[PDB]
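We show some of the complex, not the whole, and keep each chain where it was.
Letters A and B mark the chains as written, and numbering starts fresh at 1 in each.
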Amino acid sequence: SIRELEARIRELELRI
Amino acid sequence: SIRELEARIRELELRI
């Protein structure tokens, strides 16, 4: 679960 | 803790 959350934050960061 | 983090990312995603 933690690896999917990490992936979601990375993209948000990337986008933002 | 993981369920609260999931909720926080979902909203960010939603907003963004």
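Note that contacts are C-beta pairs under 8 Å (C-beta built on N, C-alpha and C of every residue); 3 or more make two chains touch, one makes a residue touch a chain.
A.B. asks: Please state how many copies of the single repeated sequence make up the complete complex in this structure file, given that 2 appear here.
C.D. replies: Identical chains making up the full complex: 3 copies.
Methods note: only the chains that are shown with their structure count from here on.
A.B. asks: Averaging over Cα atoms per chain, report the distance between subunit A and subunit B in Å.
C.D. replies: Roughly 10 Å separates the two chain centres.
A.B. asks: Touching subunit B in the complex: which residues of subunit A?
C.D. replies: Residues in contact with subunit B: 1-2, 5, 8-9, 12, 15-16.
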